[PDB]
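Colleague: Take a look at the letters that make up each chain.
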Amino acid sequence: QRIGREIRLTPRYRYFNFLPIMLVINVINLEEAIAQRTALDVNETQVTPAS
Amino acid sequence: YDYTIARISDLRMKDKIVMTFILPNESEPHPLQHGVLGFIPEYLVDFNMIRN
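These protein sequences, in sequence, are chains A and B.
So for the first sequence, the working numbering puts the first residue at 1; every next one is plus one.
So for the second sequence, the working numbering puts the first residue at 52; every next one is plus one.
None of these hints come from the bench; they were simulated from the model.
The beta carbon of each residue, even a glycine, is placed where N, CA and C say it ideally should be.
Label-pair distances were calculated between CB atoms; the ranges are:
no.	chain 1	residue 1	chain 2	residue 2	range
1	A	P11	B	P80	53 to 61 Å
2	B	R58	A	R8	56 to 64 Å
3	B	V87	A	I3	34 to 42 Å
4	B	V87	A	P11	50 to 58 Å
Every beta carbon over 10 Å from chain A, so not counted as near; a handful from chain B, in silico:
no.	residue
5	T55
6	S60
7	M64
8	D66
9	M70
10	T71
11	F72
12	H85
13	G89
With the sequences and hints as input, model every part of the structure.
Modeller: Okay, here's the thing in structure tokens:
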């Protein structure tokens with residue numbers, strides 16, 4: 001029982017997907033490596049008597 | 052002394068006389084007129100309404 005001019009907006013949309021191909025990459029600890037002395041993960045390779 | 056005669060047929064002034072000092076040269080507010088009628092021009096609205 002009160003009147004007031006209004007602007008109504010009723011959208012009707014939906015996202016359709018076709019291609020069954022998707023590629024994702026997750027990166028973690030990006031903060032720490034820059035923050036820390038992250039150096040050569042050198043592979044010392046097993047030339048001493050252990051093999 | 053200068054005077055201006057006013058009339059209203061309204062009832063509570065039946066055989067009643069009131070008198071005071073007014074200034075006929077100013078149209079602007081000032082501490083020296085008996086009263087000022089602040090007036091805002093007014094407009095109407097017409098529209099269709101539903102009630103009960």
